[PDB]
Amino acid sequence: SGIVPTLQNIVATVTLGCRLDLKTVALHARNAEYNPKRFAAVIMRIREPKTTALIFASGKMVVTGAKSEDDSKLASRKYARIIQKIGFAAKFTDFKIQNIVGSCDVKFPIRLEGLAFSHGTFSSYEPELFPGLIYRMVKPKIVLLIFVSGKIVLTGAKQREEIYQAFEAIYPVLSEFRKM
Amino acid sequence: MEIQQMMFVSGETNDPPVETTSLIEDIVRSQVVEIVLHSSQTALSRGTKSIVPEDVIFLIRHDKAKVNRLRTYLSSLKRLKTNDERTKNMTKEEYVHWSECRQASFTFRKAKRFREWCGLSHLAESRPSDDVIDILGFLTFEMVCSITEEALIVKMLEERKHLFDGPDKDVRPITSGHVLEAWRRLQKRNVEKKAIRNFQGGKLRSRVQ
Amino acid sequence: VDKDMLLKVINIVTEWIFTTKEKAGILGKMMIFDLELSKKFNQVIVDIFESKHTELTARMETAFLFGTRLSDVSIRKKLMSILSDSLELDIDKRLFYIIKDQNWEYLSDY
Amino acid sequence: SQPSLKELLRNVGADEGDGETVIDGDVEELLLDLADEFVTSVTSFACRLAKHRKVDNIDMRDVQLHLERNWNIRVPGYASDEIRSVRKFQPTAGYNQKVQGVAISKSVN
Amino acid sequence: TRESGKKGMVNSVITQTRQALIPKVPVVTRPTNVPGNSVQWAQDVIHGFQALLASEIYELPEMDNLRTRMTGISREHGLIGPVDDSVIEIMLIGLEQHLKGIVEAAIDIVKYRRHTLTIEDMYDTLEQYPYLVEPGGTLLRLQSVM
Amino acid sequence: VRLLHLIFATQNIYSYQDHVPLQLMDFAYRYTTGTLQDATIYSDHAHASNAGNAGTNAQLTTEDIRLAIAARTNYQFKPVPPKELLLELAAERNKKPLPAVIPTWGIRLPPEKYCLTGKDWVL
Amino acid sequence: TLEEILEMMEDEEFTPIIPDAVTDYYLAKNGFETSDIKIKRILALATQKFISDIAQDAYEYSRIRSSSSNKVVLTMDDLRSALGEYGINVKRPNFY
Amino acid sequence: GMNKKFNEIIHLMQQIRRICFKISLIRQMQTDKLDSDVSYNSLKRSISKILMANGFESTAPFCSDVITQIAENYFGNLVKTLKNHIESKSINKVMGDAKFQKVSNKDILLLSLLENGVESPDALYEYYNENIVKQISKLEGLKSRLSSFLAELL
Amino acid sequence: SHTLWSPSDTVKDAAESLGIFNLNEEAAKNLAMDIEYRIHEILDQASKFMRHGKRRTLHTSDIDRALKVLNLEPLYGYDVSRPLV
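Chains as they are written, first to last, in PDB author numbering: chain M, 61 to 240; chain D, 15 to 89, 185 to 268, 290 to 339; chain L, 2346 to 2363, 2370 to 2386, 2391 to 2407, 2411 to 2468; chain K, 475 to 478, 503 to 607; chain A, 181 to 293, 327 to 359; chain I, 12 to 59, 65 to 139; chain J, 58 to 126, 190 to 216; chain E, 817 to 847, 879 to 1001; chain H, 13 to 97.
Mixed in with the good hints, there may be bad ones.
Said to hold, decoys possible - Partner residues aside, some chain D positions facing chain A, computed with beta carbon under 7 Å:
| id | residue |
| --- | --- |
| 1 | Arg314 |
| 2 | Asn328 |
| 3 | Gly331 |
| 4 | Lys333 |
Simulated from the structure, these hints should not be mistaken for laboratory data.
Positions of the beta carbon are idealized from the N, C-alpha and C atoms, including for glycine.
Using the sequences plus the hints, can you model the full thing?
So this is what it looks like as structure tokens:
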């Protein structure tokens, strides 16, 4: 019977506690976008786990794209090699998750009008400002975008379990306004 | 003004003939050209040709700011809640049509023709960005929604066997006179706190919304 | 264009009746196609009045009055029989109906 | 040809809903006179502004401008005439030369 | 010297008045050709000054009266050609907007939030807000009806 | 400006306070700015503006200035003595009789409810 | 509401910046005497608020002038703009 | 003079925090019957005590005279409104023979406020709380700048 | 020229401060004419208010009132103290 949220993207920030000569490491890496006049950091990458990585000279790096806390951590270890083998104190440390976005499909259109104007405390629909109808949970701090088709987007979770938690609490509400 | 007719439907009401929509088109065009006149003059008085968002939000400089900020970031209240709660409904794609108007504003993509139909000979040495195009979309949409509200308000304030050819599905709410009275009402002059020079003589001033 | 593409468009229009203003402009321009395929076209305008009133009569009443004019006996007997039952059986209320109500569209020769 | 009072009463029945019924002989006459003066003045200035156009012809679109300019009445309708000019505040060199000259006289010398 | 090197610019009062009182007439020359294809008339000025203008009747003037009055003024100022039936309507529009503004002001005077309005309230509000009405003609007449 | 003192000399007013010339010159500057501004608008009007239809070239003959000034004096600038208006208006007032009464050696006031009773104003 | 507003003006908890003497002089000039203290403080208050409004107009219109994202002076351009945005009329000073 | 006292507290906090702002810039870039004239000048004092925004009398003098005259006109316009309503000589005002004041003495005041500027009464309550919130808002903004600069200088 | 207030520079200063170039000479002559007449106009009105205060040294209140009576905008910012240079 199961409907459960999938993780679409995890944006993590980890710091290779050591100074990094961005010009150099861009050179060696070769296929790393490093460019003057704009953004001073090297944009690395990998085929799989297919993740993009913004390396900063402040020893810190922001890896994006991973569809799971473990893959991120894995892609977070790959990067401290390509910039370690190149004789560096690439000390992987203080790995943190900056945001987790999910998505889910309940497979039944929703009566958003009714949801919004009985839950206006949290729900939001200004046509010029944005398309669709929103919902802002206070606990846990999550912003869910709900569409008529029944597809919802869960954003702002700093931890995995909050996506399931957020959906586990809004599902009965959506079933109440299921358009038949 | 097909978008305006859709926007007029989004506010509350249906069935404007071509007259009211062309009139509203003229209204919005005039408002917007005046906005860009003022903002360009102020920037060039600061000494720059490029048109920017900081001037324009302060050009509104009123509770007109909270809603505009939300529109950019994405890129009383009980009444607007209660009316929407009354709207709650479905079938023949009830909620579906509501969305159309929201994502068919000029800023959605058709930024080019929206830029060209309005005035563009101004500032020939420069050219604004698409961020302000989206901004103007927001302002035009809000103006159309407000005008419609006042028109409906004045309309309400005014207060055998069937021959089967009358369809009993046709209504005639909105016309020139209603919108004209509403646009008089909205030009409430200033809050009147800006016309306090009570005992004098002579006057002139332009105005927006 | 050829009649087979028009008959496929008429068959597509036949499935549409079973926007409303969008169906009016398609049925309105098909009234200009009367100048065979019109016998298939005004076949549709008979059964539209047989199914439903609360429907928008904007495309209906201007095509009903060109339906009695087109000189084909089997539908002009059909269309004028619908209109002649909707009125009362008195000759008073059928005399007020033809002048005070039921505006006559055609300025033309008819 | 065509088959052949409720203007002021409509101008005032739609203003309020708590009575506020005006009196003739005192108030209404005032308003009619004001309207007369308004029309006379406006059409006079319009006809002059049409003769200004160097073409001895009819008066149209001058009323809209005269209204938008002297009174504060805009009409969002038929004519579309605006200023089109920012009315820049610097002609060629010599004026801003005077500006900077009196500026240095202000600051130091 | 004495300036205004012209046929003249009088600065007196009585001749300004008289010359601003009689009806004028736009009669034309014809040195070689003065186009227009419609001869000038002053029957129109007499017809214009003869109308049952407002303030006798109890209602704002319907198009026809206003058109008859305008032709008179246009010929009387020195134009030619007939007013073209859109001028009258925009003028009525501006008029009713004007008067709605005035009466809204008086209503804002009398009651803060069953009443009935007088002349004195309108004189009060035309003491407060005189920028509404152009001085002359009526305000003097207003201070001779109280 | 010394010429402003020279102009003061025409009216026998040699007692100024030296702020007046600054003030009246400031005034005339403001006034003529507005004047030859709206006259420029009218010079544009003869040049048939909208959101791009043609150019804007300046000549500014005297007729435009005359137009821009007559509009101002339409609501300003105390005009010629409007004697005839006042004569007829005052004849309309000077029409209904005096009261022809005797208050018998006192003052006759308006009735209370038209009198003021200038008490300490209070809520 | 409203009645609190004349519950409050009497005691020292709310005494407008405009001193009682100056407002008494300006009441008297334009012709009003009354042995209440509330009303005078109230006209004081409204005037205080109106000038505060032109103050904020001047502050923001100064804040636009450069560097959106030798100290501050509220000059004639700032004033020309705010006074204009009101109904206060045009300030076209000059030299020569 | 609690209103005077709180505007004075705004004044003191402005003085100290703007002083600190300026020295921080320096360290960064290191690397009774009364008369007319007394009334006028008292009003000028009070005015330049309003101006927490810019700096207290930190502008050209012409502007001070401007502001003085403008506020004089406004106060006069207030009183010209209230006294006009009070004379009235109209049936809507004017004590009725049966002591029936169609509009009592208070609606006069509320109304004269309404005609000139202020719309409703509670906008004054609003502006008052707005003032005292402006105090703490600008206080805390420049205090956070102070703490961050105390961190930055190290 | 015609009269006082030489329009070769005064009116020229005005217009060229506005941002025009084409002011025909005779136009500026006539403009000098008008502004000088307005001067005499306001000046006589403030004299009327002068000789009700039964003084001679015309002060600024005289012309300020004389503006207020001509349905003309006032003029702020001219204090007697802090004299001129």
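Consistency of the hints with the structure:
no., hint, verdict
1, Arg314, "holds (5 Å)"
2, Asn328, "holds (5 Å)"
3, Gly331, "holds (6 Å)"
4, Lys333, "holds (4 Å)"
Against the hints set out earlier in the document, no violation occurs for any number.
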